[PDB]
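Missing here: one protein chain of the complex. Every other protein chain is in place.
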Amino acid sequence: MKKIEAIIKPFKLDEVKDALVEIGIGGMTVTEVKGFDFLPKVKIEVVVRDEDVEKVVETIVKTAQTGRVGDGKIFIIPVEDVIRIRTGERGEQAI
Amino acid sequence: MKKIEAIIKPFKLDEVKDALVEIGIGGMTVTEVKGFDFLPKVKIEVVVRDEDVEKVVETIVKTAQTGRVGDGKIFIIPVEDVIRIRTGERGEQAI
Partner (left out) sequence: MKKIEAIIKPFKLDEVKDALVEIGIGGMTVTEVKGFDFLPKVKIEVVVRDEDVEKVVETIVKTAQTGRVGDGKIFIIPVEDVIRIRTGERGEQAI
């Protein structure tokens, strides 16, 4: 599994959220952040199976891109395990 | 060492914070976030020794669980090093 941390322009949040739901993303965590003068940005985090990382990255790039400076970045970070708090399920069962 | 990133329901913050302090957690970073309509959630991050990860995960699951949808998730992420800003101590000495 991998954590995908994407920092995007605020006005792109609805579009990116909808696109991710479209490709099957079950849950996401969003945080208001600032970056670059510090400009407001939005962080989106999802944790997905290894085989689904590329489709997610492609979807975010295509939906969040404007071609202008400050579009943001995406980091792929390893995750050794995920646990669903409601049930105690782990791994594939927790995503 | 491992980073433990837990996303929980807001009203569970005091209970989870107290439980973690109870099991010996020395420090934690909390962020107001949103997730799933975006509902308010709270992110808690702690970095602990490998041998202490399971006890922390169990404590968070037991204290943050309600059995209802949206209880959240916990991600275990590898950390290659930790540095204490005040002293420059690293590793076990920085936790």
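Things worth noting here:
By written order: A and B. Residues from 1 in each chain.
By our rule, contacts are C-beta pairs under 8 Å (C-beta built on N, C-alpha and C of every residue); 3 or more make two chains touch, one makes a residue touch a chain.
For chain B, the residues in touch with the chain missing from this view are 3, 27-31, 47, 77-86, 88, 94. Considering the complete assembly, chain A touches the hidden chain via residues 2, 6-8, 31-36, 38, 41, 43, 57, 60-61, 64-78.
We take it that only the chains that are shown with their structure count from here on.
Separation between the centroids of chain A and chain B, computed from CA atoms only, is 20 Å.
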